[PDB]
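Visitor: Read off the chains here:
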Amino acid sequence: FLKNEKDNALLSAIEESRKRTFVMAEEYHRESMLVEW
Amino acid sequence: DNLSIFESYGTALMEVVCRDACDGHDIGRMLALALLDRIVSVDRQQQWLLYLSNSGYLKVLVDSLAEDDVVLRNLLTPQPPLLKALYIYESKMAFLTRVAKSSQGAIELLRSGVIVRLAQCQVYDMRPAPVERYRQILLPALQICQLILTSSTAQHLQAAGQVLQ
Amino acid sequence: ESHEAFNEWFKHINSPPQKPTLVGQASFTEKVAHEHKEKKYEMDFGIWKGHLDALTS
Amino acid sequence: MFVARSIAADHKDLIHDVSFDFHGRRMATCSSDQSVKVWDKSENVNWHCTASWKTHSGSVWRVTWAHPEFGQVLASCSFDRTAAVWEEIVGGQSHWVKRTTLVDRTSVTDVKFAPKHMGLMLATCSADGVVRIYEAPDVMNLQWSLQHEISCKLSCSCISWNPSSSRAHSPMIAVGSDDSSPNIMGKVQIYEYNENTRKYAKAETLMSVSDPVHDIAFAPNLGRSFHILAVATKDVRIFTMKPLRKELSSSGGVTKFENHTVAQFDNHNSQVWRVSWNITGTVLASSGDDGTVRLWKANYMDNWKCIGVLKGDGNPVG
Amino acid sequence: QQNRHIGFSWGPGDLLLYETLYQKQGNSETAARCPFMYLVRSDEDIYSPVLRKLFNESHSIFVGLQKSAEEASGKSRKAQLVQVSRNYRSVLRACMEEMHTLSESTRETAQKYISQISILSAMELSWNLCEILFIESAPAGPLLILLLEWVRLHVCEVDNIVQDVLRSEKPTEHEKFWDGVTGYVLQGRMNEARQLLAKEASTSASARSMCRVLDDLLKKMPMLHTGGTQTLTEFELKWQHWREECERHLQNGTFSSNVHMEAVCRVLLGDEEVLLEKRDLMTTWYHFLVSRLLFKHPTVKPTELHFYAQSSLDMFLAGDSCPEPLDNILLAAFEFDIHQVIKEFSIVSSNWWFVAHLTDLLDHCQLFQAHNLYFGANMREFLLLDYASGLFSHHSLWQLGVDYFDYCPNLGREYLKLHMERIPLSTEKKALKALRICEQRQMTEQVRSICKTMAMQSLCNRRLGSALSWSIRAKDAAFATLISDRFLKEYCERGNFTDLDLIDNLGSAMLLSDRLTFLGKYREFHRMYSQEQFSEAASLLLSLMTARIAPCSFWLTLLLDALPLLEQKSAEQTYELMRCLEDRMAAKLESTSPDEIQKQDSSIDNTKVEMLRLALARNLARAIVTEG
Amino acid sequence: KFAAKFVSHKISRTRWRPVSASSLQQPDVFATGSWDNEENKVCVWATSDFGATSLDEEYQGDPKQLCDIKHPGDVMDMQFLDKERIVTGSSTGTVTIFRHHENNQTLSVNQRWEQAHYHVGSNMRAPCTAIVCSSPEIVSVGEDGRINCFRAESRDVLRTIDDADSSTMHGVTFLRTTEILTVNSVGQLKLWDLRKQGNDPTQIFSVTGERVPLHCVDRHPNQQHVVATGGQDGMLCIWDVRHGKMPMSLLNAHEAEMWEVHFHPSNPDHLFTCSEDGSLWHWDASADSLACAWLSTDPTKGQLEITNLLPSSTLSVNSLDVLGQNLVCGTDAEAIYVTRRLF
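Chains as they are written, first to last, in the deposited numbering: chain O, 101 to 137; chain A, 1464 to 1591, 1610 to 1646; chain M, 746 to 802; chain D, 1 to 91, 99 to 111, 113 to 150, 152 to 327; chain B, 18 to 586, 591 to 649; chain C, 4 to 292, 321 to 374.
Extracted from the complex, chain O is given alone in its bound form:
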């Protein structure tokens, strides 16, 4: 399953980009809520 492992590596990279988007987007929403408060 060497090809599967390579695919998994690509998947992990995509997951890292997704986590970055998750963190920054959540922070922006929190900042907007704080400004409204």
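One thing to keep in mind: the hints can contain errors.
Facing chain A, from chain O, some residues (calculated, C-beta under 8 angstroms) [stated by the list, open to error]: (1) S112; (2) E116; (3) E131; (4) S132; (5) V135.
If you want a taste of the chain D side facing chain B, the calculated C-beta under 7 angstroms gives, among others [unchecked claim]: (6) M1; (7) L14; (8) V18; (9) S19; (10) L253; (11) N287; (12) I288; (13) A294; (14) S296; (15) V302.
The following label-pair restraints were derived from C-beta to C-beta distances [unchecked claim]: (16) B:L56 - D:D311: 26 to 34 angstroms; (17) C:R154 - B:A111: 28 to 36 angstroms; (18) M:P765 - B:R465: 29 to 37 angstroms; (19) M:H779 - C:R198: 38 to 46 angstroms; (20) B:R296 - D:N312: 36 to 44 angstroms; (21) B:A48 - D:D311: 41 to 49 angstroms.
No lab work stands behind these hints: they were computed from the structure. Built from N, CA and C at the ideal position, the CB exists for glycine as well.
With chain O held as given, fit chains A, M, D, B and C onto it using these hints.
Guide: This is chains A, M, D, B and C only, laid out in the frame that chain O set:
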């Protein structure tokens, strides 16, 4: 302690990583921007942020946004040549959004003319998947603007003037 | 100081000049090159021995 | 903006030739007055006659310098059927001394020293249709041994050694053929030295040169995988010669050639008499019956063009 | 002349031309004398002293650039390239200034000096246009600021007019006063125009009210700034509003009592008729272009410049005037056709300098398609090879051409080999410089040629020591043997060696040839003889004779030495010497001619041999006694 | 530190005009010889404008050519004989005295020896490779292996040492009023007594086992036994001509041929060297402060400080000269470099 280690190397490691995040190639740029995004978030001292600004890397990253107008025009097509550009753009906008969360960062972004450069971009006037994509462009651009200015200091009111423009 | 002098002496005594060896079918040019190597060796050995006697003292 | 400055040669008879030495510091002139003169260039860029002697009793057709590694050596050839080798015996007592006379049946029409890496060799050609190659066995004793006779089967008018020092090319000679030959074409022939037979063998015949050939010149190869040959006839012709491919298993032939006419120029307006390459093989000079010397050069697209024309009064054409 | 054929001969960089004769035999009535020397040279202006200085300074610049091309990225690299471009232009400036002082002080060369100043003007003009464009490539906004600065740097006539007006006792009564005001407005110099208008506001009360309106219009004029946060759209709106203010003042007849103030207000509106009426203040169609861009199209895009440039040329030249070759160059630059800019300059320029350095700088900007031309090399290597080849024609500049050829390994190494072998070696200092250059670039055959040439020159000069030193450096074993044989002619004749100290110090170089080996070993034998090491000397001589390193006449010589040695007051050693003598004698019977066989020493040799036999016999008996 | 003047000729030699020891005036005038051109020249130059009395303006002054004269051949070597007279050796084997007329800013030929250097038997001219002056005496050496002695007022050669060397001599210096040192293409330093009636050197010095050409030689001004030489290998050799036949010190100086070596005339703890590699080095032996610092065989006593004075990437620096606070050098880059503030 991690930040002390980043500092300990000197402005040498910070310069090499920030330069490569700017104009390397595809994956590496995306990952380098993500890394910068993450390091600047844990930058309580905001030294990395100061280095990026003093060395001109922050300006280069902002100037490079004007690059995507042609990419967006090509992308509004039914078939997309490569989503790699979209991921770089996201990492870049994420990193900039992180820098904008800082009270100082918002000021530095305003000094660098980020709102002026966004106002020059014609991609925002091409409202059509393609509609969803126009939507996402709008998302990142407007994101940065609003979040920044709002979480921005009371003294920087012109923020409101530039956004209105 | 005595241990340093001994270590300098011990390094120098273990690095004698190599006596040139003649390979048994040397060309005329290689025999002249050997005589030049042997004269060089006698000179280098004289210097090495003079330095060894100074370090020994 | 080329500038030409006249000198009072005061020749007894018009000199039919001028040859520079390899360094362009000396020149030799020859005349109907039966003499050769040698001229040295002073630091002030003035020419001074340093030797003058009567050389022959026949039309000196050609003169050539040896490579300076063999000393100050000249060869001349003549209507008297001989070639002569001359050495500049200086004391300020220069007096170009005749070292030998090569006497092997008709007018010797051209004479050329071989490329220096082949030793002190001299080729002659004659109207008998033979090329003769001589070698001086001792460079200190300018005795000459006849090494080769090459039967061209046509009157020889001119010869050119291939100047290539590449060990991948056998020694080569181009020869011409003045004969008007209403029919026989092939008036340029190429001979290659064959190591297996220890003889020159005919490698090529430029069948497109059905016109009488007055002069020929191989271009300096300068790392090209192909040779370039200029030919003076009724027109200026330029040939590329590509050697064919090969197998290391066995080989004993002249390795046949692919020949292309890359230029033909009738712009001479008269039987082009001479062709000469500059030292880089990038500019060709030609002369013809139109009383002009023309300069030819390729651009970066390999398109050859003329780049200068002259007058009888000596002024360059506007 | 009289239908004469032209003979030619190629020199290393010169073409010799002569009248051959006629190929007709003594013929042709038309009589005279062919006393004509015709050296055709390619190239001419290179000889200028100032241009040579330029070339040296810029070789320094080139080497610097090549070396630093590994060290810098994106923006920093772009700025470095801009600065290199500016340095080239500053060198151009200095050169022009020097040429101008020269023309001023020297009337006979001033015609030519002014021609060359104009040539350098051409050069700096083209270089700078190309630079600005490709290298800076400024976007909508900064472009017009740089074009106003470009016109100001190259069109100086307005400042001369204003200086003359200001030197007058009453500047406002001066004929050219309004030409100075209008010229500053046409150049975008609103503050300087306002300073002149402030003088006119002092003259009259009616002029003062109109001058205040015009001063306010000039003061309010929107200008683009290299660093403002202002968008091009916000600028365009302010500019339109300011233009409507100018138009309202004109329509109200505000300036109707002063034709010059009305004309300035029409210029501020971009009135093309009034701009063309003022052509004599602009002097060039490209100044007129930039003034039109300032007052009609202040946000012009790079892609639209060609349309306005062509329209400005056509309007400015709308009589019997044809475009100059410079206009075609500038139009091609405004079209963004770099190939046409290079082509037009290659036709107009005598020298490849402009096109070579501009194309090199634009190649570093990553513009040309990145491929080889038609011979395993690109536009840059081709032009550098031809330029460097041009420098090799000149007696002092050929050294600079070497470093240009090092630039590209493929396209400058074989040419460098060929040219290095052709250098006239008149002095040892010049040869040592050429050798240092070759050794660094690994050229063995060329160096061998150099050394052999030097040593043969020394054989001709009778400097045997210098010739030998050069032959040893050549490894030239053949030439080594030649010089050994010359020394042998000399010693067969005088009974002593010339230059003893050199032979005594040959060391390992003695092995370069067998003949040299023999010479050195024999000199060692003579040294042993002077040191009374008699046995050693004799044995060395015997070994040399048996090895047959000696030439077959030194056999006689060395045999006579063995003669007295034997004569003095082991058995195997004695037998050996006998064998050597017999071998020598057999060789003589064969190789030595009958004439040379018949000489005097035969009887002397036989007595020496009998003495040797007697000493060996007794010596053998002594050896047997020792063994006992 | 250096003003650079581009001059459309390669510069083979540069020399300062000698100042009187009683003058408080800094050296201001120098001469240059050119080589490797169709027409070579001797030029005289000034560093100061004759008239600037401000002690406080930064010297940005380019050297100004005062006058020139055509020189047949390539100026192989050049020395001032005195304030008015310049001596040259030519590639034509001619030795020439030029007179400088300061009032008229002109050079004129004062005297020449057209057959100073020539090969015996062919009468072919041989290059005059080096000259040394000690007014009124002049010594020359050449590729013909000859040593000639002249006096400036004598039309005849006072003495020739024929066949003095079987190799090209490259450099000559005065050891003492009647003694000279020469260097040659076989790596020998030779001592000569100009009163000895024979043609043999008094002494011969050489590096053992190596035959590297020596190009230059200079004598320490105050210590008549200390000599510096330079070779084709770029090595700086220091000699005590009283001690042995070998150098006292061998110093790695340059990556290519060393063209000139000079001790500082008034502060001989400084030495200067120039090379084909384009470098110009200042050597300082004072940095640890009568044992000559140059003769120190103790690598722990006398740290030599070494400084390259020119920018990286000059072409060959063919000549240098140093007088007080001033240094001039000439190059193959068609350039003269001048400093007036060396220290």
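Visitor: Going back to the hint list, which numbers does this structure go against?
Guide: Violated hints (numbers, rising): 1, 10 and 17; every other hint is consistent with the structure.
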